[PDB]
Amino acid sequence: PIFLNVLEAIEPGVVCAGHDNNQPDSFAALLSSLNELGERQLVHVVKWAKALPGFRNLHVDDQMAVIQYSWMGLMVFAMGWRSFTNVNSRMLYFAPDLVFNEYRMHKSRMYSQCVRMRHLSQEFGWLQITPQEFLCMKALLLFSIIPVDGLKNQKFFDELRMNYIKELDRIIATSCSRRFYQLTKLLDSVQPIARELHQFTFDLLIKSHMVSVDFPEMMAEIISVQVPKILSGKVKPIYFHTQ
């Protein structure tokens, strides 16, 4: 009840990209629309995270830090879920007005990364992931990437992460063992994908002026101030299993 009640209650609603589906697809248009969508989803991720059980237990600087580091993974995971429930993983459901078919995957020059995301979407089906498991996993995803040097108050974070793992346990509760194994394996699989996208969005920002791709305010800041911490190895994801 309680824990799951909250997660269901705070789950972000539908978010549109504002893409003009009347114009023929193009690299600059598609990626710019994705960037706008990302900015819009970031606002929802912030509202969502600040409302999570026990989030205020974290030092304020850590609250902002984990959101910024986990942003990509959170979006990827939710998108995969949306693609699974809406189009049964046939296409990438970024938004109602921004659905990626093979042609767009190609036109966006993000084909390889889209293939990875589509595979993740397919796993929700192959694993018969329930909406309740999805909710708990996504919440745990927010607490799955931290600085190797530690956070301002690592202890409050460790405590919070531990409790979310316990909640996943309960939702699951030799079948419990196997379920926990595949769900943690699934969660781990998000990280390599998020890294690929981190590299891609970083390179895109650096050359955005040359390819006519627009980056919203917060995104440009986060991608140039925080993401490089991840790409340079200062900030790393927390894996359940050894990669």
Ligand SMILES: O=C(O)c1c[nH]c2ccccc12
Given for the second form:
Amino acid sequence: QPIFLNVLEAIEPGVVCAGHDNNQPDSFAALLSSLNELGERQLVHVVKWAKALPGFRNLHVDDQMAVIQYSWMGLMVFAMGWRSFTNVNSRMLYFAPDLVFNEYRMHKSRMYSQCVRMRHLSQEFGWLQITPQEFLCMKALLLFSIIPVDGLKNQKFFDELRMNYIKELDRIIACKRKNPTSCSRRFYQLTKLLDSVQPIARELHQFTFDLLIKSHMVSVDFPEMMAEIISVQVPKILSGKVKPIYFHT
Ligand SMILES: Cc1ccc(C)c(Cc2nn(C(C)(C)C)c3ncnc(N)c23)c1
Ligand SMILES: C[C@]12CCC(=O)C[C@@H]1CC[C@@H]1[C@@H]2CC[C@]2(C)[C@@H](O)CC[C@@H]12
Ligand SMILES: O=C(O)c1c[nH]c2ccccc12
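May I ask for the structure of the form solved in complex with the named molecule now, the form deposited without the named molecule having been displayed?
Starting with the chain above, the whole complex follows.
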């Protein structure tokens, strides 16, 4: 910053619609299918976003795809939680302008427990009085928060990149604090918030995987990219071959 901050703010994705038909009565098939589609559409914005981040191209072409394919879920949840807080003060999950989840939908989606956790994450944005800038940095960092236990092709470039994004988050915290104790206190809070995202993602990873398996049974449509990623990338995470990077133990 100003350089770093300018970029993140300049590349922040715009509003993405789900294409849901809010005129038809709610149903598991319709709601989940809409969530899946929204996922596809968003995945495209995430790829272009990540491929605009400072130094992202320092990563091997294969690792570039790897990081996105593993962290998309977390990235989308953290971003969904930020929208819910700013647009409806966490009252409901603001997936998209045409896809807002109230208590009833949280129930009909059959993933109420997961909606509760995500909504709790949204509430954190308010309790911790997270700023738009702190949010942007954290989200950028989420892209580099999950890798295979055996590392990537060019692991070194990844470490350097992750290290630099952590440094940037530090400057964001320092560029608005006089006390040397307030800074350390904030960083602690932010890393705690970042970690709390992984557990929520894993539960969604397990849920979507199971849904994909019995998709044909429950009449739930899965976009092309979503189906491929969930049947090839997600399993690696659920089997322990790929794991998130926690700040705290
Ligand atoms: C070769 C290359 C160059 C840049 C990026 C971001 C990637 C990862 C990447 N690309 N794509 C397509 C092109 C199918 C939309 C992806 N779709 C889903 N997940 C991905 N990680 C990616 C790959
Ligand atoms: C990432 C999405 C879609 C993008 C968003 O705003 C967050 C939201 C979180 C729940 C995901 C959904 C995509 C489709 C999934 C993966 C369903 O299959 C089950 C959980 C859904
Ligand atoms: O700030 C970042 O994210 C950076 C990634 N690669 C770099 C090289 C020099 C300075 C900052 C960065």
